[PDB]
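Chemist: Take these sequences, add in the hints, and give me the full structure.
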Amino acid sequence: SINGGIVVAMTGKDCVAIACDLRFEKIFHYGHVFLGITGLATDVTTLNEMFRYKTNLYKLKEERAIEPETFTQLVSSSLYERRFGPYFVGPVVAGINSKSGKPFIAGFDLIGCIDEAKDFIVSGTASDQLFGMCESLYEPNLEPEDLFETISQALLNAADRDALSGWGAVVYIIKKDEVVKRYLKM
Amino acid sequence: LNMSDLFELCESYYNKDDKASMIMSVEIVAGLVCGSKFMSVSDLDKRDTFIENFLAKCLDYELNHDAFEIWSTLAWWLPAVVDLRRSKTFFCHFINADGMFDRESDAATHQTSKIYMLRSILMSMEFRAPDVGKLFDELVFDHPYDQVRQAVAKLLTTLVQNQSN
Amino acid sequence: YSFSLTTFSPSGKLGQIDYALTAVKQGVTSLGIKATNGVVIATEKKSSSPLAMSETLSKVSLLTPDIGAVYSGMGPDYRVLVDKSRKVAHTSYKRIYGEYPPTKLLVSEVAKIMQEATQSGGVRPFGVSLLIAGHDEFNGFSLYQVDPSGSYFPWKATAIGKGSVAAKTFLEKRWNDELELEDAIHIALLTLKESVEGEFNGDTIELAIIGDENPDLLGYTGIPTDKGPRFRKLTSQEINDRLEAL
Amino acid sequence: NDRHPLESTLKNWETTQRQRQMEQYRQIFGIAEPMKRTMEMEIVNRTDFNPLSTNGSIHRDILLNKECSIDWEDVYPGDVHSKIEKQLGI
Amino acid sequence: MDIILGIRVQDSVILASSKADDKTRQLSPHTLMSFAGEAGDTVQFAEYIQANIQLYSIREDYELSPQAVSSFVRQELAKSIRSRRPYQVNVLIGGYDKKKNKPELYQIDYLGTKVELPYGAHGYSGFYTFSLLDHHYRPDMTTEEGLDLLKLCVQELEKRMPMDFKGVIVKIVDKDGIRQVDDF
Amino acid sequence: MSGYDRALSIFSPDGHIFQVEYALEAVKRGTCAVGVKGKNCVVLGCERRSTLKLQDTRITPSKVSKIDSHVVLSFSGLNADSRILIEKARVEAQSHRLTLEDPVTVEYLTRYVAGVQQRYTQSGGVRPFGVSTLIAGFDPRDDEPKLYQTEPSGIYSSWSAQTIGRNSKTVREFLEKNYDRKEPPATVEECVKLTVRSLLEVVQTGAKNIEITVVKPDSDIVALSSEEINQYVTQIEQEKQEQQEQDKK
Amino acid sequence: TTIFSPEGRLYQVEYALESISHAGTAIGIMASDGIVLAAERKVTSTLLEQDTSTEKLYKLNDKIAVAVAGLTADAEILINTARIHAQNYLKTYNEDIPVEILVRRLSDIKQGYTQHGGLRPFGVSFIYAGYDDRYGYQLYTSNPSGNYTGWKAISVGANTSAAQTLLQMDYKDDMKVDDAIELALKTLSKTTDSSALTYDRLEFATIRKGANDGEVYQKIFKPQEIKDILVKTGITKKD
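In order, the protein sequences belong to chains J, O, B, P, K, D and C.
Going letter by letter, the first sequence gives residues 6 to 28, 40 to 202 in the entry's author numbering.
Position in the second sequence counted from 1, then plus 1649, gives you the entry's author numbering.
Position in the third sequence counted from 1, then plus 4, gives you the entry's author numbering.
Going letter by letter, the fourth sequence gives residues 48 to 125, 137 to 148 in the entry's author numbering.
Going letter by letter, the fifth sequence gives residues 1 to 20, 32 to 195 in the entry's author numbering.
For the sixth sequence, position 172 matches number 172 in the entry's author numbering, and the numbering has no gaps at all.
Position in the seventh sequence counted from 1, then plus 9, gives you the entry's author numbering.
Among the clues, some could well be false.
What the hints assert, rightly or not - In silico DSS-like pairs for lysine-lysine, Cα to Cα no more than 25 Å straight-line:
no.: 1; chain 1: B; residue 1: 116; chain 2: P; residue 2: 83
no.: 2; chain 1: D; residue 1: 240; chain 2: O; residue 2: 1665
no.: 3; chain 1: C; residue 1: 68; chain 2: B; residue 2: 116
no.: 4; chain 1: K; residue 1: 170; chain 2: K; residue 2: 186
no.: 5; chain 1: C; residue 1: 68; chain 2: B; residue 2: 172
No wet-lab data here; the hints were simulated from the structure.
Modeler: See the structure below:
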């Protein structure tokens, strides 16, 4: 129900990550592609319904699941359709090409301009505290366990250190043939 | 097998609730009456007393619509292929079937089935029917039910036709 | 209001579509072959006069940069389907997914257009059978046939038109599951050499391939991400050079 | 009103552009030309009913000169008895 | 006034709605909605929802889960705002899931924001109900403890707002379907 | 308009031998459907054709269809059509309340149904429905049982008992002898017993083929199960044995 | 032209029913713990692409499948409409579509194409399959008329009558999915016009539960998996 909240996304050697605020995850999945949406909670849920629909129909019509880059073009072209009255959101797609193995992260404004940073992505209000933390803690080509470590400490440090009893974070760590969802509490 | 092994097969297939099981019972009855040209005098008697009790159990109470279709099919088809005098109790069950002309009987559909089964037997024999002169004194032409009054009119038709040659 | 066409004949047949398959059966033959690393589609060009310039009558057509088409039947029916097929690829799929549709999704959409013409008052079914051939990252190379009914079929090889039964018998006799694109081109040139009504050379024959990407034909450099057209239409000199290797 | 400036214009754009074209053809070519063009469109629209397909028609795109052009309206589009009793009158 | 309160218990959902029409609609044998807001739009929206779930229940000879009625209510609430300036509406749906034997409670905002709850309120309340509920609330609370928590909650609301709200109607969904319970 | 009346031989106008007559032929070939009123109930009953051995009974539709909490519809003729005809009536009734703060009246559920059937007769090379229906129930705030029949032409009529479909002559003949309009069945049990006797004369085999729905005032709609109609069938068959053995000779 | 025969019967529906009576055989069987679908495919073409992903059998959503007898061009229009309705129900109610609601949905569209004279009817018969919590494993059939019926085992298309007789004598209410695998393969081998059954002539699928309590899984079998149930069953066209 809480409006806003933050999502963070990050690349490692053959792996991806998606951190998010709990206390209803912002982070959905459609097969191997993950979508963290920040913003108005009604638009986060309406977009979940809309992309679930579109991606189930895709899987039915095309005999295979929607790849991270294709899903990026679908989310941007769907968001653009809403041009005069958009979805009040910051979507963050992620996922590992099932035919290549390359990490992918992208994020968008409310009408679908594609960012495609090769390192990390942020979305939500007060992003630029986390943008500094994430630029400070990131390094290229991590293993999955260090990749979990850098994204989780970014979330903890940029966290409101005054209300850490109200805390809770979900970190999806996504690999080629495996996905682990760690819930994380203090 | 005995004859009675075929009287227990006929009994086992007679099942009011399944039309096809019920047909196989009436096909064994038809076979028992048709097979009469090959039967010995004691097997004849066994067949006649089995047929008497079997027909009485099937037809004297609680006839359903699918049973009436199968028995009306036998009543048309059987006299056209075997002489009903080969078996004392077959033509006798239909000609002497009780309450077949009782005006007070509210069982009018049952009574109509008896009249139409007898009519089918008399239509299938025609000028070879036995002395049915007792029927002319028994006919109602005054039944309260419309169904039993129209089986009587169609029966007088076949009785007049049987005399008319 | 007693209004429909292509109603059922008492033997369980659609009738008008049957007459539409007799128009297809009268056209100049076209054929298609799928190989291990590419595909081929081919046909003959029949001149109404030798004064006609058959550089203008293309029969083999680009639907998307990885998908080709060819027909047998009524060419006018085929010029109108090809331009709807092109519009469909862009409007239904490229403008939603930023990538072109597969050769099973575009064949379904072409077939949906031909089905709607059978189930209508006011319109006759199409007088064309279409061979659609192409490539996609997850399905790989594919060839399909579409008939006036709106029925579509995946084929390893096929032929349609006058010479089609003798072509399909040659295609069964010659096809094997390890063909390559230079092999399939030779088999297709051999098959049209039997079906040809007129003269056989690089000017009378249409031939296209969906093969490797050709980065020359993209017409701009700087973006390796964009591999460049798989669909290539053989030049009349290449056809004459391969017809010298025959 | 609170309603977007462009909304009523883009709602009626397809109708307005053809209605404006027919008036130019009346003016430059005379009443016969829009009388011909409206009757062709009437035959195409009225003889082409199929309750499960709403995606336009192939001959209407030839008639309207839309056979190689995409609008946002063609990439972003938007009961068989209810269709039947509208096509025939209730 | 137009207050709504909610205290779901181990084996029931308790919907309390302000006394005035109830502004709470029986959607089925085991589902209530309560609603609050701009009196024209909400009453008409609730009857549209009720007619669609009654039509489903007749057309199927079946019940609709408290989830499915709730997501239908959010989808129709959101779909009603796609040509309109948002009307003030809040929906509090409580029902009994007879295929899993759980009572369930949902809140929907004017923007169409589903939240699945232990307890909820709208219309005429601040942190006084929410603090009083969070201190006393338990996952296994009984219906009699729930009615006492609701009495504490209505007393806290009465003490802070001594004007006459004419008490509230309380209604319960459980194994036995809708029970209207007398409370004061 | 039919048979031997023919002036100077004859020739046909626009007239009788027509699509609606062939829809009436489709209705007569569909299973027997019956309804009888009582003092304070109405019972609708139907013939199932005897189910095939591989058919699935728990999901098989109840033939008598509830249109609303107080209205019930049964039919003979084409099933597919009756499914399309019940959908229109159900949404028409739910829409009635949503726009009139009033549940649909039984007479408005009969004028609407026959009314929509009449529009598919009138014109257009859209065919009429091969369906005839019984519509039964109660109005709200009343205790009078109602029972209507509708026909493919869009004609409708009120009956205190009626039958449609296969063999319905013989059933209507039995009802005219057993239903007294001065003293109708005074209790639900007798009303159900009368419908089971009425159907027992025309159904294929027995208790399998009958199925009944009882409507009562204040939305008390109640399908009877196989086991409940088996105890009615058995009681009626007991009374047949009792009547036969109470022969005096 | 959608006018009645003088018996009150529809000529076009009867002719569409003649068309599907040629259109290849399909069997469905409802075990105590899953549904089996199987269909026989007349591969008279060597160059037709077997190991194409579908022809007779299709997914409608994550727990519903169909078999088709009839025109595949007609079937694919209905199949897409059913897929759109399944996802539009899931979008509305957040819950997976009940099988009865979808099977009868396609039975209401197919009746409309039989009433209006501008439309020919659809030449298709569907043997639906699926799971939901309202009932459990359900097996339904629907035909060009818009009639639909619930079954424990059923055949459609060619050789229906021989297949129904073979089902009726071997079907048991308490059988397991592996017994329904065996039965559907036996039935088709005891019904086929082709000399013996083989993996490319056969389309197969199942609707089991698996090991994990929340699962229902719809394996539409690839050719190699069908070869394994063929060699296990004793149909076994094996080296």
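Chemist: All hints, please: hold or fail.
Modeler: For each hint, the structure was consulted:
1. B/116 / P/83: violated (30 Å)
2. D/240 / O/1665: holds (17 Å)
3. C/68 / B/116: Within the cut-off at roughly 19 Å; holds.
4. K/170 / K/186: violated (34 Å)
5. C/68 / B/172: violated (33 Å)
Violated hints, in rising order: 1, 4, 5; the structure is consistent with all others.
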